[PDB]
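Participant: One-letter residues, chain by chain:
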Amino acid sequence: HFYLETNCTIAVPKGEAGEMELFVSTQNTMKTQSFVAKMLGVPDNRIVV
Amino acid sequence: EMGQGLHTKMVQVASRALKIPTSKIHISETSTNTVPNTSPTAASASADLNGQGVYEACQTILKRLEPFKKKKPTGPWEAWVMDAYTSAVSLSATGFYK
Amino acid sequence: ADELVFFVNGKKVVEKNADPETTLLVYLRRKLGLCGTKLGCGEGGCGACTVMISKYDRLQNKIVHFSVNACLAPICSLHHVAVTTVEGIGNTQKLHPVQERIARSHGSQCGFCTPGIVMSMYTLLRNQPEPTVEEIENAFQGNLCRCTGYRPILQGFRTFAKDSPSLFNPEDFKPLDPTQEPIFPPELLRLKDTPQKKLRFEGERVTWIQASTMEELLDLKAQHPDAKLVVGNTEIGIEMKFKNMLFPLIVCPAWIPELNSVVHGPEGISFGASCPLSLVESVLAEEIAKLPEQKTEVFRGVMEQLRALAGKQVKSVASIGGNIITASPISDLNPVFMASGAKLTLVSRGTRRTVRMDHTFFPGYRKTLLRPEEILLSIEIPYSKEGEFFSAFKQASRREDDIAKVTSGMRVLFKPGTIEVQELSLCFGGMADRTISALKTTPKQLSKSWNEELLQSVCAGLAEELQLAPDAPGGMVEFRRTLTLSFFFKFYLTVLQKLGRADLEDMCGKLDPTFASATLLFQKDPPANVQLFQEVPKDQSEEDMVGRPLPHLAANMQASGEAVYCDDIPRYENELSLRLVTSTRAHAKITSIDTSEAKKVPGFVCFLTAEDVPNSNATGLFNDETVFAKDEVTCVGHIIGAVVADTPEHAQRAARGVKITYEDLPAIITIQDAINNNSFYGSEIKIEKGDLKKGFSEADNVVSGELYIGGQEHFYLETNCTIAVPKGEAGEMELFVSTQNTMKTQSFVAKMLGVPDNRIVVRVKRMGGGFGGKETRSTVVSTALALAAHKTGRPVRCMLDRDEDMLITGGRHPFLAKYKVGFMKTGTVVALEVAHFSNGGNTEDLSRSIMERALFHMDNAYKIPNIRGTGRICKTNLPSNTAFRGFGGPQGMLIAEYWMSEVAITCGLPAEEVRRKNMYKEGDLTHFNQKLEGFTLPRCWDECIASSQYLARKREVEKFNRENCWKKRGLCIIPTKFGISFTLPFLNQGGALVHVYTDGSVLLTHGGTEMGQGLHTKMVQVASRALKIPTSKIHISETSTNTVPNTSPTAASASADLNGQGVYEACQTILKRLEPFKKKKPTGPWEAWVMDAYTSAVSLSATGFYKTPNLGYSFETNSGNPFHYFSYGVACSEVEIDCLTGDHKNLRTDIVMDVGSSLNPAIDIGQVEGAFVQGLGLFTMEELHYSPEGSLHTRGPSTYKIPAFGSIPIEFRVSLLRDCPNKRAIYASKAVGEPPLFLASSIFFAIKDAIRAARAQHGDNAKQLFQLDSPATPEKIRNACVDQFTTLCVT
Amino acid sequence: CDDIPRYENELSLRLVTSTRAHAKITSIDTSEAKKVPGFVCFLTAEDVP
Ligand SMILES: Cc1cc2nc3c(=O)[nH]c(=O)nc-3n(C[C@H](O)[C@H](O)[C@H](O)COP(=O)(O)OP(=O)(O)OC[C@H]3O[C@@H](n4cnc5c(N)ncnc54)[C@H](O)[C@@H]3O)c2cc1C
Ligand SMILES: O=c1[nH]c(=O)c2[nH]c(=O)[nH]c2[nH]1
Ligand code: FES
Ligand code: FES
Ligand SMILES: [Ca+2]
Ligand SMILES: [Ca+2]
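Residue numbers (the authors' numbering), protein chains in the order written: chain A, 741 to 789; chain B, 1037 to 1134; chain C, 3 to 165, 191 to 1318; chain D, 593 to 641.
These aren't lab readings, by the way, just hints derived from the structure by calculation. Using N, Cα and C, we set each Cβ at its ideal position, and we do this for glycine too.
Computed cross-link-like contacts, BS3-like style, restricted to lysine-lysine with a CA-CA straight-line distance of at most 30 Å: (1) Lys1106/C to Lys1134/B; (2) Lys1055/C to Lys754/A; (3) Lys627/D to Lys14/C; (4) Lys778/A to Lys1134/B; (5) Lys1105/B to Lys1134/C; (6) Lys1099/C to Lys1134/B; (7) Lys627/C to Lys657/C; (8) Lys948/C to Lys1250/C; (9) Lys255/C to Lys33/C; (10) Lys1108/C to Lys1134/B; (11) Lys616/C to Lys818/C; (12) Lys517/C to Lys475/C; (13) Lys13/C to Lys201/C; (14) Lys537/C to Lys322/C; (15) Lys754/A to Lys33/C; (16) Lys1099/C to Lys1250/C; (17) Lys1045/B to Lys754/C; (18) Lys754/A to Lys1060/C.
If you want the footprint, here are the derived chain C segments under chain A, 3+ residues with CB under 8 Å: (19) 583 to 594; (20) 1028 to 1038; (21) 1054 to 1065.
Beta-carbon label-pair distances, calculated as ranges: (22) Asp59/C to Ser610/D: 55 to 61 Å; (23) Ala1079/B to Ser610/D: 30 to 36 Å; (24) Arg1052/B to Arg606/D: 45 to 51 Å; (25) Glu600/D to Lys1108/C: 49 to 55 Å; (26) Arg1052/B to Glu600/D: 41 to 47 Å.
Just chain A, same shape as in the assembly:
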């Protein structure tokens, strides 16, 4: 693809109820959220992309 900006992610943990906010260079916020949630073992409603 050679997008000028390569893949990048900033993950900001909130320390509460598994909450986490991620700033990402992605075309798919839904899957990013789901995959992060499943990996951590927390509900989707705790992850915001």
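Let chain A serve as the given structure and place chains B, C and D with the ligands on it in line with the hints.
Facilitator: For chains B, C and D with the ligands alone, coordinates are given in the frame of chain A:
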């Protein structure tokens, strides 16, 4: 937005649907906590899908502002909005398309 | 020297460049990132910063533990010590029993004070695994909570002591295994061998020398008398932080053994000067229990003053020598040391002398006999001699920093086998700029016998010798004068009893039986509490949590310190700090601003002013306020500008470097000034019904009078804070704020910057308290911070220090009322005319709406045929007053109950009868013509009188009063009616947004903000019932303007009603979309329906909105409903006042509150108790004081006394009315936030009741309608108890 | 994404990838990595919650 001008197109669509200048509409970002279960921005369908969704969200707003414009036909957009607000009318809406 | 080494939660900390000015609190938070420990006052008075310290005691070969205030502990004093913070004892994945119990017991509300309270309790358990109920309460003497009302906290921890449905189940509490506590750092046990070497630390401006030997100390003091001694720092910390005192060279001798010794001599016990007050307390305590009473008269006198002196955190590090040398006019220890002639050993390089404390020891204001190179070595507290008696007293309050607070030590020695005075020493504090002795009075008593003539003689002398000019600094001259005589009187009576115990009965006298209670010393009465609520139908699904006592959703995280509050959020690497610069003149023109000195401070960036606002400098709810003052300032506290610097320290210093020159202008401070100058906000407001002239004409009686009601500082544990993050694109900015009004915050920032609202995002996760103080006044900080962010392009942050917050943000509105009431001999009120005046401050803000609410409740619970009420909002040169839980209602109602009490007295009928007789009735119309439907007040009344056994107890009060001369009891029952809904119609709306993700989890958000009231918990409960899924699948993360727009502020107790409905609707829309899928898979699980909906392309997102119908009152036609419904409640409270000191005890309080069908009884009972205690404070403890020039003096917990653990009624009972659904609101519930607060007036009137009893025994003779303004502080109570001392007749 | 200012306590992450098309992972030695200044930790399959 990945450079294809999607937000530009969505603001254009919203501006026509709402009958107001594009300068009064702003898109800041995309987040899972404002619009959930979204499809990836792909298949060249994003403007198609979201444009339609934006259109519906705007129609809902217009319908709620209906009574106020009918009363103040010439009055500016800001007047209808403030009147809707002080009349306790919701000025927030979701839009969806399949 | 150089490096500082200590441990934090078992982790070694090595600081190579420790700065003497760095406190443990800032180090933990900003350096280590451990933000569980909070800044609540930085004064040592709130305890939000409590942490535990552990160290190997050199002179004990043992490991010890104790708590301290992190805000006052210099890190340079912590070398080779081990610190334990809330994060160190446990977390949500594994809570420590202390964290678990306070959480499950509903003892955590906003949660800002929880970590500190957890550490106080935790430290207690480390020193005493099985504490008594009394030790548990004493553990929190230094911890303040503004939300809970304390009951839940003590009840939850009681389970640690060796001493219908329920709110929580202790049986499920995890057991405590002490062996599992954190190990003492092994290294500190090894480093325990190597000798302690002197250390030297050099900061940006200060140099710290940690002396290891007496030799090094005296040597330094000899070569540099300049060196400032610092031990506990509980005094120097205040001086440096709040008085801008800077000491370039400091020396801490805490390590020196000679200064920490405890020697038992033949004359007494000698304590090294650096001995902490906690050690002095424990040593004297041991002696008092083991030695004969006759030898511990002085020891017990010292224990008396130490008992209420601060808390454990302070007494652990505060040295006895520190108190002495500080030489404060109100020190409670020096008067005792003087009166007892304690010996002080002073040393210097090569010199050593001994002097007994007397009038000469304190030359002038804050000075002593000590030479610049001398240091206090030790002090010997004397054993009392046979025939020697001692007493110690202290004023029940404190208004000024270090003056006008009467404290005393009194001693007397009799000639063996007689009652003839051999020696008499009466020393006082708070009566001059230093501790003094009545040297002119006492000598004239030598040789005299202890009799009635001596009492007169002494009283006559003190009244003359301790004379206070009406001009005297500190005021309260009458009160202070009366206290000196009253205290001596207690001493006089006490000596009589003691002489009697020595068998001199037939010589001195026996003492009137009814006089005995006057000598009684402080006694901790065991607490008793009961909470009654209605169980939900047995039929209710176990997953349906509506009506169940579900603990606050964030309780666990708050007890663990993991819950994040605004300032806990990590700083960006490029983040800047802002400090506000405020006016020091009530009204003046700004002739110039000089920042030359500000620019010299390291890290300075810029000074923002009106010229810097890009668009409009006009802000405020009514656009009559300036972001930054231009040309003139209109109050002390008026924001002139803001300094931006790299750190908060640099911003504070830079701020002091902004020199402003003024030109005073005519100022209007008080309500009289406003009236005398026709200075008001808008026109007169009024409500009138019936015929007044006729009403009074038919009245058998007519009473007129006035009443002044003091204001109130919210004192939310977390002060105002804002973080502004600029995005660098199209004016976009995101702000994290501690506010109850995201909408106005967003609007003000936008207008100030000149960008549309759609560019500004305001996010509020939670507030550590709000109570109305953050409904609008928080924007004052937000706009300034947002401007800095815009100008610098960098994120900026600002959290106000307590003094700044109390000064700048205003508070409740002080009220002045002039009433005239006409009634019949039967007690039936026929006519009422009341004119109200409130002090609004320098901007309108919410003042008008507040006055409107007061007028809406000037009737309280009574039907008055002919009534007229008027109100004017005074425009003055004081910080703008705003909303405060009650919103004008408590003031309007207190006035009503005041003239109502006089009605009862005048008619000679029982107060309860007079009140019940005038009470409204189902279907009646109020003075503003609204119909009272579902009027439950009568039920609350009947239930409360019966349940509290009011009548029988009224008999006990009479009995107590006939058998007690200087102690009186009062018992009053007060009702209340509170209208629910914003007085401004359209503000009664709410919105919500719900999302159901494909995994079935739900993300909910609404316009309400969480400030400790458990709003999110209730909304999750509501949504769970509406959706038919467990609360566990629903989550609320925060409140945001970009998820729900145009939200009303979280206020008027209407947030649950509004947002609950909004949430309910959003959930219904979701259900409708899921219907097709569930009808196809009836038993199928929620997750299956959700995924089917998703793959069928059905929207799983929806907004919800609600508008309270049929509202809209008109003052012009006195028609239309301003409220959706009313809240009702009744409270019966009993008190026991001290007629000689003005102090009192809140004995018992019974409350019956109608909260409809409670959404959560745990949270609602929590709100009733919390609101009630805030009221208790408003009416009896809380008092703000301003200089005649309009400058607020009361700016911290040391001078502003809010309720403490020990302030609540010993026996506290709360009942939620059964079977009273309120169909109108979400799930038949009723708002609960504000209604309960006024019920605290029951204590006010119980006190007025007691005073009346006191006056009937010592005053004139008749039943006058004496004046009792609010707050009914010890001063007002004492002055009202007219007797021979207030009149000086005993003279 | 990467233009966003870093938090003062923000950390950096770098992925460790396979140099073989298909093979068994016999062992992993991080002894040298631990010597690098600033090293915090090495995440592997074992660390996924
Ligand atoms: C929340 C709070 C509530 C309080 N309430 C009360 C109260 O109700 N009644 C009351 O009486 N006090 C009260 N205090 C005051 C307290 O007792 C003193 O601040 C403390 O005891 C002093 O000791 P320190 O070691 O902290 O002294 P520092 O603050 O370190 O020093 C105080 C001063 O004494 C000097 N000094 C210290 N040791 C020596 C020595 N050995 N030789 C010569 N000079 C020395 C120091 O230079 C300095 O000027 C309160 C304090 C707080 C923080
Ligand atoms: O009628 C009210 N309006 C408000 O703005 C407010 N704020 C508050 O705390 N109570 C009330 N009541
Ligand atoms: S912040 Fe330390 S006592 Fe309040
Ligand atoms: S819950 Fe304790 S101060 Fe708020
Ligand atoms: Ca305030
Ligand atoms: Ca005001």
